[PDB]
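Enquirer: Each chain, written out:
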Amino acid sequence: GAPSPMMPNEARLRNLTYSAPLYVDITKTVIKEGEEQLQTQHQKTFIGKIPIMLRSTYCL
Amino acid sequence: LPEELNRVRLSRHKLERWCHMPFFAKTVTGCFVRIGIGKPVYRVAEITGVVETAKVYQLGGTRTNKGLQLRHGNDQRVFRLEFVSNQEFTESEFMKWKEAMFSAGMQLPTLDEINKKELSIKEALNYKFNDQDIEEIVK
Amino acid sequence: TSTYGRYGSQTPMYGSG
Amino acid sequence: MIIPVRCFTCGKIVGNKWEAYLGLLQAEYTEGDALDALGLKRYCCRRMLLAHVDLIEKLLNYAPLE
Amino acid sequence: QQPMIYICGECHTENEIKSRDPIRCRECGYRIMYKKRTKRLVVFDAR
Ligand SMILES: [Zn+2]
Ligand SMILES: [Zn+2]
Numbered sequence: 103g104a105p106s107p108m109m110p111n112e113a114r115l116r117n118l119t120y121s122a123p124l125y126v127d128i129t130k131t132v133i134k135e136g137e138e139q140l141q142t143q144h145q146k147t148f149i150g151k152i153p154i155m156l157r158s159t160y161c162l
Numbered sequence: 355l356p357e358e359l360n361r362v363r364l365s366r367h368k369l370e371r372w373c374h375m376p377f378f379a380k381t382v383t384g385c386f387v388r389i390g391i392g397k398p399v400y401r402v403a404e405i406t407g408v409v410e411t412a413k414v415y416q417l418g419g420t421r422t423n424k425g426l427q428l429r430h431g432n433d434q435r436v437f438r439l440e441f442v443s444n445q446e447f448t449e450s451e452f453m454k455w456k457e458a459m460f461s462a463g464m465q466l467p468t469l470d471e472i473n474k475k476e477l478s479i480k481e482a483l484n485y486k487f488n489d490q491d492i493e494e495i496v497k
Numbered sequence: 762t763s764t765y766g767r771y772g773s774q775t776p777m778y779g780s781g
Numbered sequence: 001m002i003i004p005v006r007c008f009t010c011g012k013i014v015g016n017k018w019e020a021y022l023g024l025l026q027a028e029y030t031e032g033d034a035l036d037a038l039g040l041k042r043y044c045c046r047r048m049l050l051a052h053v054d055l056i057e058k059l060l061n062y063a064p065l066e
Numbered sequence: 012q013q014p015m016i017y018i019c020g021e022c023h024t025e026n027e028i029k030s031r032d033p034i035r036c037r038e039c040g041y042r043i044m045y046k047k048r049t050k051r052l053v054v055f056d057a058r
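Chains as they are written, first to last, in the authors' numbering: chain B, 103 to 162; chain R, 355 to 392, 397 to 497; chain Z, 762 to 767, 771 to 781; chain J, 1 to 66; chain L, 12 to 58.
Keep in mind that the hints are not guaranteed to be accurate.
Using C-beta positions, here's what the derived DEER-type ranges look like [to be verified]:
1. B:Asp127 - J:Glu66: 41 to 49 angstroms
2. L:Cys22 - J:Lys41: 48 to 56 angstroms
3. J:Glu66 - R:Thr468: 48 to 56 angstroms
4. J:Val53 - L:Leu52: 32 to 40 angstroms
5. R:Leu477 - B:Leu162: 34 to 42 angstroms
6. R:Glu410 - J:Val53: 50 to 58 angstroms
7. J:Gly23 - L:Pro33: 45 to 53 angstroms
8. L:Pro14 - R:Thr468: 34 to 42 angstroms
9. L:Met15 - J:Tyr43: 51 to 59 angstroms
Note that these hints are calculated values from the structure, not bench results. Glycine is no exception: its CB is placed at the ideal position from the N, C-alpha and C atoms.
Construct the complete structure from the given sequences, taking the supplied hints into account.
Expert: Following this line, the structure appears as structure tokens:
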């Protein structure tokens with residue numbers, strides 16, 4: 103569907119998992135013969151989904 | 355006969371269902387509506407094209423800003439979706455439309471054309487909405 | 762449930781506006 | 001949830017007295033005089049208004065529509 | 012000729028929902044709906 107916040111009560115009613123997506127900055131850095139090197143960065147690569155505790159600092 | 359003509363007559367309770375249904379310019383184009391002019399006189403106009411007004415108006419619960427390209431023989435102008443009547447084709451209005459078509463030079467659509475057009479509505483009704491139409495509807 | 766009019773719901777005219 | 005219709009013990013109607021009781025607490029009364037002014041003599045009937053927790057006020061916040 | 016009338020969980024609008032259909036409200040893309048009350052005879056002893 104179209105992106106939107108999941109509300110805890112919808113998560114409860116639909117047997118979903120109240121969770122945030124989780125992302126990280128990864129530098130793919132590499133070097134080879136000839137002193138060819140690079141450090142291409144993949145900003146916000148998805149890592150997983152982390153379950154949120156209700157009424158926390160990161161809850162809706 | 356104004357009785358066979360009422361089968362392809364689009365009433366007011368039918369438009370409401372199809373405000374956002376695509377293929378719109380392919381089912382309604384060829385039928386006749388009972389539009390209002392205004397005192398209780400009415401004229402049978404011809405659904406020619408699908409136009410849109412800059413005027414948003416509420417039709418009961420529902421709201422639709424679209425227009426209708428109607429024409430009574432030669433007199434054509436813009437129309438809104440609110441002024442259509444649920445009344446069927448009467449005798450005096452049926453002969454009046456016959457005289458507006460004989461006076462304009464337009465051919466009267468053959469009865470076999472009306473019989474193959476009235477069934478497009480019933481198949482479009484019973485249409486399984488399996489494709490990406492609910493999305494465009496809520497948009 | 763196809764045309765439940767029972771006439772109608774006061775159809776507005778075009779030459780009234 | 002909502003004030004009982006009758007004192008469970010004796011059977012006196014207390015259902016009509018809850019609005020009035022809160023009205024007598026809009027006035028500056030002790031609950032003891034509010035209960036008395038409404039005419040609740042028995043210590044059965046008096047518990048109904050003291051002890052009633054009005055949760056219908058909270059359930060009413062969960063609108064169905066509008 | 013009964014289309015099975017659902018109520019949207021967030022719009023509160025009635026929705027006509029036959030078989031083989033996505034359970035979506037047609038007003039806004041919400042995904043929870045409730046069945047409306049039965050038409051059967053509901054009778055209670057005040058007891
Ligand atoms: Zn549909
Ligand atoms: Zn008592």
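Enquirer: Determine which of the earlier numbered hints do not hold for this structure and return their numbers in increasing order.
Expert: 5
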